[PDB]
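The data below hold one chain only, encoded as structure tokens and taken in the form solved without the named molecule.
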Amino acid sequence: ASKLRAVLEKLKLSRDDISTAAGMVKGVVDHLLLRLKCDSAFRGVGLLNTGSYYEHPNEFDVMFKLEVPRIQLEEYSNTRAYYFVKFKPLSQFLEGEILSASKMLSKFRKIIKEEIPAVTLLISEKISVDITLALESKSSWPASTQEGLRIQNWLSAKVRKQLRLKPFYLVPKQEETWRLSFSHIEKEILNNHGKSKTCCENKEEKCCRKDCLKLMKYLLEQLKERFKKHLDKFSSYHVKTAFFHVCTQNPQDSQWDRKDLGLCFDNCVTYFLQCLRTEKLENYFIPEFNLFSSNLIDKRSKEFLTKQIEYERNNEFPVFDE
């Protein structure tokens, strides 16, 4: 549809500005990586490479991963996503048997501080980088994910098995808990997203999946930008999660034809609206973890965002107007 394509054209205008800043961040990040490598605790550290930039302007997100030897997890309450970690030289942060996140974060923060979720939010001039520490575990994924990643009918059972052989990550968050992270898998599915292995590799198989995700993120950004903080709790992660569920529901590449961009976008919006109304948005990897629970976002805010998105959809997205 013309309006949506005009919006996608407008977003392209900002590409080089994002590009150039990325190389400035990358220079600083490359610089911290080497100094973190000197410290005993962080000697194995490396760059995970994930998030918006890696997937397809002043804000950037970077994850530092650290290989931790044979890990053992303990689920904080019945949270599904939060854990204490223990083992089957990081013993300096051991609270007896349990790895202290705030001990690890304090030194991690101090080293970067010396050099100059999120751990560090740091600055080169008008560049905000969030830097996150992630423990890497090459073990089987925890049981809370056993019913997650429901890609079998879309990306295939074989791909699901291959993805679950990859490591998983833990990011520091009733204190001292770590949360599961699969940002590496999120990037892999967005960049290898078709039922056809050649989806978006030639002119006959251009789908509109990525453009739909971009449009959904831009929709939420624009609605937030209009308010000085009713929508503070909503993030691009909610939009991305909802988008993954919509790919599951529409597994065929022929359901994402570029010429059907308007209909595909409507699908994404209508699903996100359903999530708002039912107050349920399951983490794509951890189904019992409800991103839209009342513990996380009050009923009123969810109700409020429902009204605006409903208004936008019923009037052809005036927020996207010239």
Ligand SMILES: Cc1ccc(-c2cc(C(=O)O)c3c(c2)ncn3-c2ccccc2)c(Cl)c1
The other form holds:
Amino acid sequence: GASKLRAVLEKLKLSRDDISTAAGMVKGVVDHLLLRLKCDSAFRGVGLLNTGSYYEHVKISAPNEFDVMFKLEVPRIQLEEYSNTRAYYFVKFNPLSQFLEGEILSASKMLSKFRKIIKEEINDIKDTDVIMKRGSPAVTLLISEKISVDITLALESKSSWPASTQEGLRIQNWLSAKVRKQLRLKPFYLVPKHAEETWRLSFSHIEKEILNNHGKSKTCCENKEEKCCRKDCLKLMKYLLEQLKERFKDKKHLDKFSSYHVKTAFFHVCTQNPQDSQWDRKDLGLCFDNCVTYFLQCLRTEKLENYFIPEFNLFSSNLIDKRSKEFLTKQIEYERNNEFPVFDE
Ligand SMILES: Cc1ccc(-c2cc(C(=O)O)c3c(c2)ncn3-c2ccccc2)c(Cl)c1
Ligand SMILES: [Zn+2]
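Okay, that is the form solved without the named molecule; can I get the form solved in complex with the named molecule now?
What follows is the entire complex, opening with the chain shown before.
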């Protein structure tokens, strides 16, 4: 039961060393690219956005896959929603004036200069071997034929969040209305994920703020009396998907699913189960089942709301085809109904 889950968590700890050295390598490449991007008049204000829950500037999206975001302070920004998509927007408003097409800031034009500067730069430093693979993420780098890092350019807006987020981040009953107000005072980000000229709202930087401050109790997981299993359930959900994707690699049925889908479902379960007593460490097996059952429901109903934009369906036909969702539904059901044989030794 839960002893199989606890065995999985123990095994995962054994690759901490490989992960930290890989993240060190990513960190070096990113610092170098940050230096050259700052030379360009367009990207002078660029900087690293702190998104990682364990490492600072580096998010781990899968084994040997890392995620980095470059933020660009762009003030006096005005948004125009693209055709009721709730998540995609035209950006309107001098350093960036080169990227204008009318009153609109072109995502494709800015991404193209971003790409070109990075592609130039990875040639020079022969300290490590870095190539460019493959539109968000802007750049995927492959380091040493092993480690891949997705680099995402993000405009930073310090304005109030767009109205499409008004009913999102539904944490009031869990983390309190006070915390939700404070979080909604932080900046938001636009990335050039095209629905073209459209940008997508991004709140990835909020994850670290909640995952490591995750209890109804302010001292959840700060002492021996308050140990919950929230983080371990998220780890197990990510590992479930990673393992399924590897086993179904012959026909790549699951290519479209990612840890972002897993995380979103997991934080919806945290909303539904707001009390720390619903995440007691002794209850790991039931808590994990809660998480998997909700993910299964999202798959079967083909509905997974963006955590911040409730009318944006991560599982829409526009984003993931029906056959892929039907397929993973079937595999998750099987795993859940059979006590997760994908976790067997
Ligand atoms: C509590 C909490 C906090 C943050 C997130 C979060 C949000 C986004 C987003 O789209 O705003 C994320 C992400 C994680 N990882 C990736 N993206 C992302 C970013 C841009 C485009 C597509 C995808 C979640 Cl799920 C829950
Ligand atoms: Zn806790």
